[PDB]
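Quick heads-up: it's one chain on its own, the form deposited without adenosine-5'-diphosphate (ADP), in structure tokens.
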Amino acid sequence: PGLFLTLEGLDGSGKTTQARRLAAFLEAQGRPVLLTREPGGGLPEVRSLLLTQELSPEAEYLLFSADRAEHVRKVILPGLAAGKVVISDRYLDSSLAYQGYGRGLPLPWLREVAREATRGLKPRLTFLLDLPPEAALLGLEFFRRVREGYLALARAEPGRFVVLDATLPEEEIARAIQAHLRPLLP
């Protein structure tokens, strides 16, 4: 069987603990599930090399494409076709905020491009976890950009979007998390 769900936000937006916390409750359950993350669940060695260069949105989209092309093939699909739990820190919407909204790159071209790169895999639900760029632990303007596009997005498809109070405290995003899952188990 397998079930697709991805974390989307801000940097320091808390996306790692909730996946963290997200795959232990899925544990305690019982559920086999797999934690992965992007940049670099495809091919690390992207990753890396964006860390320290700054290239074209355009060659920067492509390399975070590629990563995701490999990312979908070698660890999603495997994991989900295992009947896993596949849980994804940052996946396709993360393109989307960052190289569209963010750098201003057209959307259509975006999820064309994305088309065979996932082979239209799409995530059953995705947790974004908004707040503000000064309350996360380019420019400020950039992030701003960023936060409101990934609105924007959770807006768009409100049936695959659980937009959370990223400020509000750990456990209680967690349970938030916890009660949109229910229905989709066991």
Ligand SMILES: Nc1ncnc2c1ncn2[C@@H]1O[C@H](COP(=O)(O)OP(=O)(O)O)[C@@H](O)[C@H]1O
Second form
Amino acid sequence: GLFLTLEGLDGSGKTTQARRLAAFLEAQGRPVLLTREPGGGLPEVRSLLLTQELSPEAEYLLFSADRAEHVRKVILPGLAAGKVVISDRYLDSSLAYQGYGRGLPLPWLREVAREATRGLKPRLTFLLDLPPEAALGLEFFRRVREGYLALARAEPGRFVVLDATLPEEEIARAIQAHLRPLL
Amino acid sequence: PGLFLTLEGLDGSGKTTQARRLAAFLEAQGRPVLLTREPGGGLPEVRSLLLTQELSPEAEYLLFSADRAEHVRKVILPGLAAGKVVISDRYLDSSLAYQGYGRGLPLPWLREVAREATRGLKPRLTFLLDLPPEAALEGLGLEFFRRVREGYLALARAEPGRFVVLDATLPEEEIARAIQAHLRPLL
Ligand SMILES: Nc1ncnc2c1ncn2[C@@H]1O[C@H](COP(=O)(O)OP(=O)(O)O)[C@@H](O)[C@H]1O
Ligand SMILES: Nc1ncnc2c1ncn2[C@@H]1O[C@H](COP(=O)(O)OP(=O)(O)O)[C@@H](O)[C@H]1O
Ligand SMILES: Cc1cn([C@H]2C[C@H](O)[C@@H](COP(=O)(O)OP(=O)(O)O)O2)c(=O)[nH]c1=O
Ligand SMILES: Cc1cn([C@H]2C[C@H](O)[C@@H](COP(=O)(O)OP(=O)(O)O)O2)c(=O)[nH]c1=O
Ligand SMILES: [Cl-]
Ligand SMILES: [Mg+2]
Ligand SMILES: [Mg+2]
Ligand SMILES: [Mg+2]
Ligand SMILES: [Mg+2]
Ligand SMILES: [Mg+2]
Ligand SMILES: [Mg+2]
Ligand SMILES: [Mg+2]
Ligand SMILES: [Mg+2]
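Return one more block: the form solved in complex with adenosine-5'-diphosphate (ADP), after the form deposited without adenosine-5'-diphosphate (ADP) shown previously.
Every chain and every other molecule in the complex is listed next, the one we just looked at coming first.
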């Protein structure tokens, strides 16, 4: 299998590009599974967090419980069948939002995640970058945006950072260009 | 300052019975008391999540931990800060026994998760009601309860100042008197 993720602020085009990427792979005859966080593991976590505000620690731990189920019940089985699995958000979302955004320490986040994810990491992560005011109270969102960019510059072999303000088809073509060597 | 006390033991061991008797006993002495419980003292909706069929044990622990994090921050630490005796019917040792010894999750990882979740908060005393496993989430069968029961006893041997191990099969009033005797010098 091949594991790919989409990351970025809300309104950065993740769901759009994940859809277009799955469609590209379908056109090439490649088995593909599209999934998302939160809720790919525990739908009830997503719906709970829609209407409950918690401490950052509790928030993260719920995202992590979802992720633990998501990895085991959805992603790993898809990869085991040889599918390309695309997740619209994954662990980097917690690192950016709960870590850089709400201030939780990354080493702890990563120790929690080590068991939650079974160490599963995407081969490539497409970060759709734009300022919060361009996404289709701002201080939090700037911390998240900058946090994503920090994660990306720490792992330049995994992250591909794209200008989320470009036209959709152009972004999709850029994702395809980056992906083709790996298929 | 406050005083933090917990009750632990298998399902059916008398924890709730004793926690409530203790709360009333201490209140009758004029002490401010806060009685709480896990799971649900932090995030009541966690009890719904915990019933999910076929949960991985990692997800199960993470749910318990999310509740615990909210519980410690929003309920227990503020109660202690007001000088209350805070009694929790279950706390972290439940996860160590059930998710660690029972489900087989690694104890150090459970503790690392917990360290931020609990902000390091540990009870002064933990009353372990030791119940035979046959007298006692999915897969809560005999084999599991034997592992949990023995796991609790291991935790108690490892922290023998904090744990007070009591025979859960003794009469309710005898157990209550034993709990009271351990607390007298602290209150
Ligand atoms: N490159 C783009 N240019 C203009 N509009 C876009 C682009 N990509 C997505 N959209 C539109 O922007 C909004 C957010 O896209 P979406 O894919 O839902 O982002 P996310 O999942 O990151 O929140 C949607 O209305 C979508 O149709
Ligand atoms: N010391 C005891 N001896 C016999 N039965 C007991 C004793 N303590 C409690 N019980 C009974 O055992 C059952 C379980 O008690 P409970 O306090 O709910 O345990 P837990 O909260 O540990 O599950 C209840 O029916 C209760 O009345
Ligand atoms: C996966 C994940 C998401 N999130 C946040 C980012 C988004 O604000 C939200 C996901 O939103 P989602 O459930 O797509 O709903 P909405 O589109 O109504 O925001 O969850 C985290 O904070 N941490 C995480 O680990
Ligand atoms: C607090 C906690 C409880 N548990 C289990 C013990 C019980 O089987 C279940 C609920 O505990 P509890 O609420 O004490 O029991 P009840 O539903 O009878 O009121 O959760 C764990 O597995 N780990 C934990 O961390
Ligand atoms: Cl001790
Ligand atoms: Mg989306
Ligand atoms: Mg999640
Ligand atoms: Mg995680
Ligand atoms: Mg990712
Ligand atoms: Mg009870
Ligand atoms: Mg709990
Ligand atoms: Mg915990
Ligand atoms: Mg305890």
